[PDB]
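A single chain comes next, written as structure tokens; it is the form deposited in one PDB entry.
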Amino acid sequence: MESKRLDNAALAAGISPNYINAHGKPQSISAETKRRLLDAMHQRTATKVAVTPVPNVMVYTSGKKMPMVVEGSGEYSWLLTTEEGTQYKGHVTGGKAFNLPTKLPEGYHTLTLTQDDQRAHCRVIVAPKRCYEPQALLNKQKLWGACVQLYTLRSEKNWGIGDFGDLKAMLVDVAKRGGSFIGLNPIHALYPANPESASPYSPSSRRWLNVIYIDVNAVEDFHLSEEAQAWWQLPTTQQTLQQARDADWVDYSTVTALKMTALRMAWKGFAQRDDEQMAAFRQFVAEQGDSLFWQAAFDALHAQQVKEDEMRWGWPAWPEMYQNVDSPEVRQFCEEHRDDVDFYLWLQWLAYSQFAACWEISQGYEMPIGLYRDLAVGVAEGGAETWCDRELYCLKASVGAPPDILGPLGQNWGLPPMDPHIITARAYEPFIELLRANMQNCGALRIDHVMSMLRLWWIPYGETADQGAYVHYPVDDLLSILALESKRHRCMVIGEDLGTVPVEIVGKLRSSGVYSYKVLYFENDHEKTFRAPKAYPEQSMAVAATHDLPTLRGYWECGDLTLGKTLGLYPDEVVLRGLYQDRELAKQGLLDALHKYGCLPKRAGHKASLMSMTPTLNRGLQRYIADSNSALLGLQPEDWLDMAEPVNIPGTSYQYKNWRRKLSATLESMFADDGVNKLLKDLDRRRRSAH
């Protein structure tokens, strides 16, 4: 294809023809990038031989006219069955639109037109305008919660990694202190056969759960299996376990080896049940269908593959015969090793159940939100999701971010993008299942990179991010479906919207009931004048920091910059000097603002370069966001413990032990501490004085 033909095909496929570059100038995408992203997509060539009477899907907002346009000509008879079962019938002529019956309920309906034999179906979705909000926020209350990295939690009972047992126990302590929720890192299924690949942000699947979180103590068949107690009783077992627990860093390998060994024995007992339990399990499997089966089959197969060779990190590294789920050899494996598949099914049932148990406690204590999950932006190229539904993803591209003024190289996130053409061709089925998997048993959901609904930066496989382009998604339809599912689950939505958001979309997100995300470190203008607490928008969540950033102490001590220098991340000493100065001005403006908006004692110093971190300053930084007009406050425990050390350093691969740094204290210890209890009672009061 020559330029101008291609230019049109690209445009019609939803590929934006340009972007604002790192010098602020608009820049055209190359013809090569266009060629390669078209080839990456899954479009069907239209024959226009008798194009369809109505589209395969239509989305409407409730309380409005619903003009449905009908192509062709001659009389068509239409049947509209609601989700509830209600039937509407009529006739219509092609080339003339007709309005759907008014006052249709929200949900998922089916319109069917008929002429002679020929039937056409259209999924008709009726959505509310806004996502759901708890009564507490409708009544303008200001709530707070703990935002934790689940794996970092220490306790007297766990096996060397925070898990659902600890989550359940922490819900209680948080709730007794006026806490409204606990927020989580993404708990998406990862790789038990490759436990050391621990980033929650390259998951196997975004529908299933990370099984390392199972609380083995809570598993009845662990206790009943003689074989398992013999194993638990070994001195090498109790020594291995003690060391895993005592370590300051999560040993994923060891903990995984311990849990799988124990659970494999527990399974031998469970597999013989003929009771409520086995009934509940088998019904779970049935209701969840093939997506679950392929997840379990993946993990079962992966377990074997690492034995043959430990470099088989994912499916693209497996012998090619195992890269197709319908091959004779995958079929053979599944018949023969059904028990193994069954085992991994059971693990998902345990994780599901235990997460439900946590959710049930939070509602017992009447927490307005209770549990607050995080949905990563995509899946890894070599996990279970792309393995069994390859059409849905475009493996010849990676999602990332473009070059901009802040980062002139841009980023590559290494995630194959979901294909917008398949999303729509399947009537949004994959977007619905994704929300249904991530909204259940919880009262809030965080959408990583909520801009993903307008567009993503697609990079042709194995190229630098400058060779990318923005590829668009049906934002309106997705924002409607988001609202609909949000309301159906009674699960409010927080849209992570750091970085650039076109003004247009800020508006849509706000009126769609999505909550904004605000980080203290970033909420200052170019002059480091910090935003006033009362100017934080009502419809937002306020946090001091995130897992990608320094803790309050790390920030204040420039520990990120210093440690960064130590690990080779800042080779350019000029750029580094800039970042120090930039930090010191940031610190000064922040200190000015703490004093100004009444977060500190009178005696506290006013010059920031002379100050080190103290309990008073630690408290002040948190009061600042607690006094904010943001409806929700997220507090890191790392900051209650006054921890200096980060949990992830973006840009590192091996240089830092990312996703491993444990909290410096256990739950029991933390919640028995005077300072912690005083801090939280102060902060909880500050939320109450904020109206």
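Positions refer to the first chain, counted from 1. For clarity, a rigid core is taken as the largest C-alpha set superposing within 1.5 Å between two forms. Compared with the form deposited in another entry:
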Contents of the next structure:
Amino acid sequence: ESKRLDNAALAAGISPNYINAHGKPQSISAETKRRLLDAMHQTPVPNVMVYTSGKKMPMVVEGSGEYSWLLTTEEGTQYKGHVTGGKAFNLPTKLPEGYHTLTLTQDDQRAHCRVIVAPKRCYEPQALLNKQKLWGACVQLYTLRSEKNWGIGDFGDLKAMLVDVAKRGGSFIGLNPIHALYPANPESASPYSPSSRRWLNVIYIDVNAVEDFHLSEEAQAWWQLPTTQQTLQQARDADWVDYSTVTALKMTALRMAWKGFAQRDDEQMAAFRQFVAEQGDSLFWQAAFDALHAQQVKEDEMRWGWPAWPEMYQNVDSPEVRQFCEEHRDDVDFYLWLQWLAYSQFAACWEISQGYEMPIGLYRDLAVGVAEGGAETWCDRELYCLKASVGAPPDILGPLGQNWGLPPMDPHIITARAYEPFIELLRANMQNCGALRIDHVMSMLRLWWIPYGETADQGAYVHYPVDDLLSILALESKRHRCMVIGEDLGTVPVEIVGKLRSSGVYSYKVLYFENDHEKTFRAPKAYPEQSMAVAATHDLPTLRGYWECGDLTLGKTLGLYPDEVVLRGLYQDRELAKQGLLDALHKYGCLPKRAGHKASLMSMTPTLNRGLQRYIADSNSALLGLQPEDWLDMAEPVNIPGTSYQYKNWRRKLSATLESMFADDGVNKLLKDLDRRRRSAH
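Switching conditions: you have the form deposited in one PDB entry, so give me the form deposited in another entry.
No partners, no molecules, just the chain.
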């Protein structure tokens, strides 16, 4: 409550208000602004400048007197001239797209500026330039079943599924985030509180494709034990993923393989070592974190992250951490090996995808942040504002807000590092795939920062440099030939809708929500061309779930809808929605005349299941994502928002193996039909 404070909040990028649940402006408190400012950290040319290619590129200069300048391209090319302080000058025409370096010199000293030249648009594959309408499978990798996996779906299931998807006309397989989690705490299974967004989840390693597992005689002996084969059988046959058991199976197997691998002095060792070198420090600190984490839980299972570790292991420059790394070289190497194996197996999937000429092949998903106590915050502390957490404001459909427990990346550090952490984020998630889904793409404009320990309603939007981030996103998308899907559900200001579209970002449409206030559903053909349409997501009921009001009913049982008055409204809302959707299924040719017209009298059938998927398949959406859960007519969800211990999230497997579902007449017929819908959607 002073102008000092308000002025300070604005310069730092804290919006002074927001639109509440009731659609009214709501001002951010003095207290909130103080906490968030305290949560943040603390020239002739700026440290960085972003330009769009094909356009004029002026560089304003400050200071006094004359400067010389030197611009060096990413490719080695040099350009020079001179400039007076106070004036502006244009950089050379037709600068190629990429990362170049400008340096002004006056007498002794020099000021550096990273100069980024970006295309306007993200990459789009030719098929989509040609207005083809494509479909792919959207899977939660961990749910997959097969006759060869070890109780969790993995990279080997991913490879075998690609074939069956390609043969049926599908263009991609999309994945939940496969970001590294916590092999020392295998029950923290959430893909969305990851250790690092750069490295991978080692649990998806297919141990059957690891040659040293097969060449290790100790591994063979262990494998053939009745106690091993039993544990394995139990892990595989269970209908929920046993993360602790599957993890111990794989770590036991890979430790033994690794004893074999380590002795190698051949191509494979060289390639592993060359990978380690090329990835640099970030990879090193990931392995080190995993190795140290493994040690800490041996003392105490409840050492979930570095903030729970002794003081001496919280500071990466502490001598005790240096000592640990020194004294545990072989541990560090092993967790570096797992990352190599994860990356190589994913890369092998990618290649299969491209041998089948899949226009997208693999579709990765980038979660919106990292956990507070993982490897990323361990080794890059100043980038993250540990005194705040990213969430969402209180709204109509959640009128107490959400706190997702992730420390926000400081916007002023992103820019002070010339966008380095954002560049490296994209580099790690655009490799070996055709598309990237960016979770909560609004994050590039703003995040809801909540002061640590406070309720979501104490938060405020903190801004990020959206225009530079979009240009860099498009540049990296183009360099990787990786298209971008921006998950943009709910409230998007019209300005950002336009930016996103003109930046070639594909929008994200969920069938359930695509209806107006009277429950009139948007026609298939009025879906935006530059989008991906899906029926549901991992956060929502499956098709059967939704029709049966299973999300509402299960949710009640788990304590999520205490307020009975509101729950009555939701059930009514669903009955009205189902009716409007049924109406639209009939009206836009998705059902036979025999199908009932009154939703409340109808249960889910193979005919109705198919009609719901036909509806989105018929859409003008360039991309269509189909859940295998829906091909299998499954009722039960894989994640329930706002639960942790109350439901086994990230655990419900598919009801059938890959082998079994692609041998099934119904599944095949269904996929044949939807492939036809897409190709006839014009």
